[PDB]
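Asks: Each chain is listed here by its residues.
Number of protein chains: 2
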Amino acid sequence: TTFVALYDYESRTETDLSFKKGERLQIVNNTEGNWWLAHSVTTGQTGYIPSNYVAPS
Amino acid sequence: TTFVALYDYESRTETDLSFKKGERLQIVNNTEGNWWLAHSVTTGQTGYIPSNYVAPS
Numbered sequence: 001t002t003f004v005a006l007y008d009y010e011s012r013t014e015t016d017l018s019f020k021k022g023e024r025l026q027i028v029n030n031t032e033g034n035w036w037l038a039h040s041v042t043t044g045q046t047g048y049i050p051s052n053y054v055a056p057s
Numbered sequence: 001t002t003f004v005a006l007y008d009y010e011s012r013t014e015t016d017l018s019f020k021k022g023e024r025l026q027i028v029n030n031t032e033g034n035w036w037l038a039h040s041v042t043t044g045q046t047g048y049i050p051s052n053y054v055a056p057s
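Residue numbers (the numbering used here), protein chains in the order written: chain D, 1 to 57; chain F, 1 to 57.
A hint or two may mislead.
Claimed, not checked - Reference listing, derived: stretches of chain F covered by chain D, where coverage requires no fewer than 3 residues with Cβ under 8 Å from a Cβ of chain D:
| no. | region |
| --- | --- |
| 1 | 3-14 |
| 2 | 21-29 |
| 3 | 32-40 |
| 4 | 47-57 |
Keep in mind the hints are simulated off the structure, nothing from the lab.
Quick reminder that beta carbons are idealized off the backbone N, C-alpha and C, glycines included.
Chain D on its own, in the form it takes in the complex:
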C-alpha cells in the first residue's frame, strides 16, 4: 500500500520525516509498532510511546 501526503510537514526531531503535499509514502515494517502520544499516570510525564511496548490493563 502507497499513501499520498495531504499536507506539507516539517520535521521537529532527528527521527521524523519531512514531506511535501503529494509525495508518495510507503509504510515501513517496524518492530516498535505505531507510536502514540501518552500520559503516564505513574510519573506524570507525557510523550510518544511505541505501541508494541504496552498492553491494555
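Based on the hints, put chain F in the right spot on chain D.
Replies: What follows is chain F alone, placed relative to chain D:
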C-alpha cells in the same frame, strides 16, 4: 482506557516518553494521529510521519 508498560524504554528524542516496565499509561487525544515509520518513494527519505497527514492512493 489504561495501558501497562511491558518493558523499560529510554527516550531518544525530545518528544518520546521514557517509562519503566509496569507504568500505567493513558492515550492522549492528538490531532496528528498515530505515527508510523515511512519511506518516501518520491524523495528516498525515511522517518516517522503523522498518519492524519496521509491517505491511501
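Asks: A separate judgement is required for each hint: does it hold in the structure or not?
Replies: Okay, the hints, checked on the actual structure:
1. Coverage of the region 3-14 of chain F by chain D holds [criterion: at least 3 residues with CB-CB distance below 8 Å; count 10].
2. For the region 21-29 of chain F, the stated coverage by chain D holds: 7 residues have a C-beta nearer than 8 Å to a C-beta of that chain, and at least 3 were required.
3. Only residues whose C-beta sits within less than 8 Å of a C-beta in chain D count toward coverage, and the region 32-40 of chain F has 8 of them, enough to reach three; the restraint holds.
4. Counting residues of the region 47-57 of chain F whose CB lies closer than 8 Å to any CB of chain D gives 10, which reaches the minimum of 3, so the coverage claim holds.
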